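Before any questions on how it binds or moves, here is one chain, the form deposited in one PDB entry, in structure tokens.
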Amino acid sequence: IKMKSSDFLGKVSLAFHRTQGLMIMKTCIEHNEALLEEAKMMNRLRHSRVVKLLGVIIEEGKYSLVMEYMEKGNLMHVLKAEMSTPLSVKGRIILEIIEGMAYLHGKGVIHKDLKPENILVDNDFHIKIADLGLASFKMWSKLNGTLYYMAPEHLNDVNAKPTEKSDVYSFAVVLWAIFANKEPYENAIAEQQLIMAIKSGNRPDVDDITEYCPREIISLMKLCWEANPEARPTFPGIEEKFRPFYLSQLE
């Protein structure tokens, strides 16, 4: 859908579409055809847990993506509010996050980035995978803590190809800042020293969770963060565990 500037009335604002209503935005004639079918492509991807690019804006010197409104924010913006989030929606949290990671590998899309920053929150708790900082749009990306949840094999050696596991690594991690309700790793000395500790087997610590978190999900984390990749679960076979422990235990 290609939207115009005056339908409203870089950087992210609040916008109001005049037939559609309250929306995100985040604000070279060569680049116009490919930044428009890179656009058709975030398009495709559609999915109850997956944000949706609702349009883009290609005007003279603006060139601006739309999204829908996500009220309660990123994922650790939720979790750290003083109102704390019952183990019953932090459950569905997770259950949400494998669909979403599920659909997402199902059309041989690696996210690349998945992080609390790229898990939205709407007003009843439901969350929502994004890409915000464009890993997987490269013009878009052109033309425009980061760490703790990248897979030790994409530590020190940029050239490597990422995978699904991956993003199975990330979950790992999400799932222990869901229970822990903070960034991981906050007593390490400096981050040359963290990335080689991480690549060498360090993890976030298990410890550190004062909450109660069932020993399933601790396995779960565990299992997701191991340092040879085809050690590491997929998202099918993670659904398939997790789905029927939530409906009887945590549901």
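Positions refer to the first chain, counted from 1. Only the largest set of C-alpha atoms that superpose within 1.5 Å between the two forms is called the rigid core. First, how it differs from the form deposited in another entry.
After superposition on the rigid core, the C-alpha displacement between the two forms reaches 2 Å or more for just one residue among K62, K199, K182, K222, namely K62.
Superposition on the rigid core between the two forms places the CA atom of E211 less than 2 Å from its counterpart.
In the core-superposed comparison between the two forms, the C-alpha atom of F125 has shifted by less than 2 angstroms. With the core held fixed, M139 shows a CA shift of 2 Å or greater between the two forms.
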Second form
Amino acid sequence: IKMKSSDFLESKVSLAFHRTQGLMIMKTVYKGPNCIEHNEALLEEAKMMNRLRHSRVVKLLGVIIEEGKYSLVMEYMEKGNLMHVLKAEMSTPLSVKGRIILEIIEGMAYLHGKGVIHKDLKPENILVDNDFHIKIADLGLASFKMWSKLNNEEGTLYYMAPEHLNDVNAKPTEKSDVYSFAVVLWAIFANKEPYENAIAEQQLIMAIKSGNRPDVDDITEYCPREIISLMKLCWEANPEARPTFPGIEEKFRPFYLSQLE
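Return the structure block for the form deposited in another entry; the form deposited in one PDB entry was the one displayed.
Only one chain is given; partner chains and other molecules are left out.
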């Protein structure tokens, strides 16, 4: 699982070419003074990332732990993130959008089943391959404590549950990821980011905390009536009222097979 920087041809998210295994994605996280006290915990977190093995989760291919330099190596996803694909000038049919929603659900159920709270689910953390299959990613390292710590030693809020806005000590839960899935759902059918009419961040933060949600009327594409009810269910103000991902998969999978696929 551990690699060396010299395992890569010579040229912060970059395309990298490993000398034997080929094209990969490299994110160098820290390039400063030595800090080897963190190293066993960083290595154990990398091993936890590497044990996340599921078709809808980006695989960690390697970790570089060098005396001044820490890097994570991931597999490459050819088509970029969900928002870029939704905005490409070829249209994405309802059947493919339905499949993507189910795969996001499958990936998120798997992560929650492994005791992982994503904490930063958004269209940019949903990557797409050539066949329009998706994998969940963590570009800002929001999910693993020590790597997030190392990233910050010396982000968009459209998808943040309202309980976390203006609250640095609220602990993210499974219901915080369910909130983010709701707005991603809205984005998949609007083909754009929400809240285009916001003027100021404090206006948007306070509006969302008081009950503002993405404009369902701004979906001019056909959006099945059950998916509008799903997003509204998932962005409920009270987290206890939000469903779980296994619960979402149990209602959305038959609906996807009978109507959308």
